[PDB]
Amino acid sequence: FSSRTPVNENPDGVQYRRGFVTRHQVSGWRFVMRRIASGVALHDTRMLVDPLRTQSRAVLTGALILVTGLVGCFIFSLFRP
Amino acid sequence: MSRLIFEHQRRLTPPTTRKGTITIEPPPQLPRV
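Protein chains in written order, with the authors' numbering: chain D, 13 to 93; chain J, 1 to 33.
Any given hint could be a false lead.
Said to hold, decoys possible - Listed next, with one range per pair, are the computed distances between beta-carbon atoms:
| # | chain 1 | residue 1 | chain 2 | residue 2 | range |
| --- | --- | --- | --- | --- | --- |
| 1 | D | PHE32 | J | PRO28 | 23 to 29 Å |
| 2 | J | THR23 | D | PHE32 | 27 to 33 Å |
| 3 | J | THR21 | D | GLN67 | 55 to 61 Å |
Said to hold, decoys possible - Counterexamples of contact, computed for chain D against chain J with all Cβ distances above 12 Å:
| # | residue |
| --- | --- |
| 4 | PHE13 |
| 5 | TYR28 |
| 6 | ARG35 |
| 7 | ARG58 |
| 8 | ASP62 |
| 9 | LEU76 |
| 10 | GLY84 |
| 11 | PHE86 |
| 12 | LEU90 |
Read the hints as simulated data drawn from the structure, not as lab findings. Yeah, the Cβ is synthetic: ideal placement off N, Cα and C, and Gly gets one too.
Excised from the complex, chain D in its bound form:
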């Protein structure tokens, strides 16, 4: 339900400096960064499909396959005689 943040009308109140980074903020930053990257490498900003994110995901999936096979053969060496 409630989501708001009215304007503070008190001059003697508290002002919240030194903000952190929210999950929302970091997601928005990652999005705008992927959008700039798309607009630079390609000439798309409509972002209907992002092949760059797919490529990065592909390389990281390769890395995950790597580390998974590694730990798998490791525990295989240990458990088996």
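Use these hints to put chain J onto chain D, whose structure you have.
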């Protein structure tokens, strides 16, 4: 009882108060089950 005259000019405006009724959105209802 005075031997001197006083003249009534515009009253110095007080600090401006307003009657803006502040409305508060009710608490969120608990998860409807």
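Verification of the supplied hints:
In this structure, D:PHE32 and J:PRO28 meet the distance hint of 23 to 29 Å, their C-beta atoms being roughly 24 Å apart. Checked against the hint of 27 to 33 Å, the C-beta distance between J:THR23 and D:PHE32 comes to roughly 31 Å, which is consistent with it. A hinted range of 55 to 61 Å for the beta carbons of J:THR21 and D:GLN67 is consistent with their spacing of about 57 Å. At the 12 Å boundary, the C-beta of D:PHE13 falls inside the reach of chain J, the nearest C-beta of that chain being 4 Å off.
Residue placement check: D:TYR28 keeps its beta carbon more than 12 Å from all beta carbons of chain J (closest about 21 Å). For D:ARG35, the non-interface assignment is confirmed: its Cβ lies about 20 Å from the closest Cβ of chain J, beyond the 12 Å cut-off. D:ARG58, annotated as away from the interface, keeps every beta carbon of chain J farther than 12 Å; the closest lies near 36 Å. Against the 12 Å criterion, D:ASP62 stays outside the reach of chain J, whose nearest CB is about 35 Å from its own CB.
For D:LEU76, the requirement that its beta carbon stay farther than 12 Å from each beta carbon of chain J is met, with the minimum near 36 Å. Every CB of chain J lies more than 12 Å from the CB of D:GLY84, the least distance being 41 Å, so the non-interface label holds. For D:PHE86, the shortest C-beta to C-beta distance to chain J comes to about 45 Å, beyond the 12 Å cut-off, and the non-interface label holds. D:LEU90, annotated as away from the interface, keeps every beta carbon of chain J farther than 12 Å; the closest lies near 46 Å.
In this structure, only the earlier hint numbered 4 is contradicted, and the remaining ones agree with it.
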